[PDB]
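My request is simple: use the sequences and hints to build the entire structure.
What follows is each chain in one-letter form.
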Amino acid sequence: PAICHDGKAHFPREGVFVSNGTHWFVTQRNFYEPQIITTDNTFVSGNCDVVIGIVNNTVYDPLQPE
Amino acid sequence: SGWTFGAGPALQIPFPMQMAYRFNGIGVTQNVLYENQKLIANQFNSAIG
Ligand SMILES: *[C@@H]1O[C@H](CO)[C@@H](O[C@@H]2O[C@H](CO)[C@@H](O)[C@H](O)[C@H]2NC(C)=O)[C@H](O)[C@H]1NC(C)=O
Ligand SMILES: *[C@@H]1O[C@H](CO)[C@@H](O[C@@H]2O[C@H](CO)[C@@H](O)[C@H](O)[C@H]2NC(C)=O)[C@H](O)[C@H]1NC(C)=O
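So the protein lines, in turn, are chains B and C. Take 1079 as the starting number for the first sequence in PDB author numbering and just add one per residue. Take 884 as the starting number for the second sequence in PDB author numbering and just add one per residue.
By construction, these hints were calculated from the structure, which means they are not laboratory data. Note that the Cβ used here is the ideal one computed from N, Cα and C, for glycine as well. Among the hints, erroneous ones may be present.
Pair ranges (Cβ atoms, derived) [said to hold, decoys possible]:
#1 B:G1131 <-> C:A930: 39 to 49 angstroms
#2 B:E1144 <-> C:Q895: 38 to 48 angstroms
#3 C:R905 <-> B:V1133: 14 to 24 angstroms
#4 B:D1118 <-> C:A930: 29 to 39 angstroms
#5 B:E1144 <-> C:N928: 44 to 54 angstroms
Written out as C-alpha cells, the structure reads:
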C-alpha cells in the first residue's frame, strides 16, 4: 500500500507500487510500465505506523545529486 | 479483482489496494483509507450487519 523511506509513508500519486521480486517500481493501472520511485510520482502524507502492509524500500530524490 | 474483471481477465489485487483505488476514484486519495482502514472495515461490517 505504501513505501516508508524515512518514517514516512510514500503513496503513489497515480498508479500502484510493484516489485519484480527485489526492486520496487511505480506503474500504471492498465499497462505495465515500471518507473523508479521518486518524489515526483509519490506524495508523502502519514506517519508510517498506521498503514498496514507497508514495505520499506527507498525513494530517489532527483534534486539531491544536483 | 475490482473492476479489472469487468474489462478483460481478472487482475488479482489486494482488497485494501482496491478500496484505496476506489477512494482515489472519488477524489479522496489513498492516504485516507490507509490511515483509517480499521475504521472503514468496522463501518462496513456494521453496515453489512
Ligand atoms: C528488477 O528490474 C531492475 C531494473 O530496473 C533490475 O535491476 C538491474 O538494472 C540494471 C540497470 O543498470 C540492468 O542492467 C539489469 O539487467 C537489471 N537486472 C536484471 C536482473 O535485469 C533488477 O535486477 C530486477 N530484479 C529482478 C529480480 O529481476
Ligand atoms: C523499516 O524501517 C524501520 C524504520 O523505523 C525500521 O523499523 C525498526 O524496527 C525495529 C524492530 O522493532 C526497531 O527496534 C527499530 O527501532 C525500528 N526503527 C529503526 C530505525 O530501526 C526497520 O529498519 C524496517 N522495518 C521493517 C519491518 O522493514
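Unmet hints by their number, sorted upward, for this structure: 1
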